[PDB]
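Protein chains: 2
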Amino acid sequence: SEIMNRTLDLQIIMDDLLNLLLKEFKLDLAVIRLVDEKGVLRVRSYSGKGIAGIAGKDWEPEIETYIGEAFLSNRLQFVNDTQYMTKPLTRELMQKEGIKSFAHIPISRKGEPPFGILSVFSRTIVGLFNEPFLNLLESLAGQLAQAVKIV
Amino acid sequence: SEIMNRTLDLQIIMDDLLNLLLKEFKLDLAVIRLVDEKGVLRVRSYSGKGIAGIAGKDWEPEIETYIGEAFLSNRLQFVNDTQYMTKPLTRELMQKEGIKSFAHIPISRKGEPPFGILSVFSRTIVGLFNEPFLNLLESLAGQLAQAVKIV
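Top line first, the protein sequences correspond to chains R and L. Here the first sequence stands for residues 666 to 816, numbered as in the UniProt record's numbering. Here the second sequence stands for residues 666 to 816, numbered as in the UniProt record's numbering.
All the given hints hold, so there is nothing to weed out.
Since the list can't tell identical chains apart, any single copy or any two copies may satisfy a pair.
Derived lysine to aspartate or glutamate pairs resembling DMTMM-like cross-links, with alpha carbons at most 25 Å apart:
1) 775 - 803
2) 703 - 681
3) 722 - 667
4) 722 - 681
5) 814 - 777
The hints are simulated quantities; they were obtained by calculation from the structure and are not laboratory data.
When you get a sec, could you build the whole thing from the sequences and use the hints?
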């Protein structure tokens, strides 16, 4: 109940942060996933449209996906131009959704194993993910990590 | 953490229900508020646009508002046509947002004190809230009440 209310507060924090991110940058979709008790990466927050399609499901982390690789290696993964991906069906599925550019960023406290992924997608531009922007996403991700741990 | 995950599941249940409601009916905004520890009605879920305006804040329940009256008396309150409200500034503020019609429905388990309000608004039509539709909202509200209590 107290923990319940802190979790509901956590939700609003996450949702507001993704909404501000989409306002400020040429991203069209953003998703936060958190590991549940069973270790599945569950969708807990998202902003923009597309959650009902390709970028929107729950994931058992696995090295064969970009998102599983980010989580499992604790290192960001990104594609600056979807035309040049090496996974041909996945590439095809994503371009069909209009995705030009994407990134998966681990959500972890400094020196600790990640407990989620921040995933972001532009249907708008390629080349979004230069080092300055990756800097900012990792800052966003750290502030999310902090807020979760609070609960 | 377990309770945390059940609360995050509760969120998705609420959000999906309001999204389905707005799909099926000529409502343009829906809000769920739940009482926090201090007794304030906090916005915990919403669908549609308008949350950043008049229909969107947290409320200390009070008999001088329609929403406080619904909560405090445990009885639904509704206005079928905003042109005929007796609160002149409030009426003016709402019509300026384009609101034609609204309802506040207590969220309670059968025979128990309410622990939230389901508020719904149409910018689309007057007369929405006939008895059949009020039936359905109270059913929605009971299924929400159940889900919260689960957590």
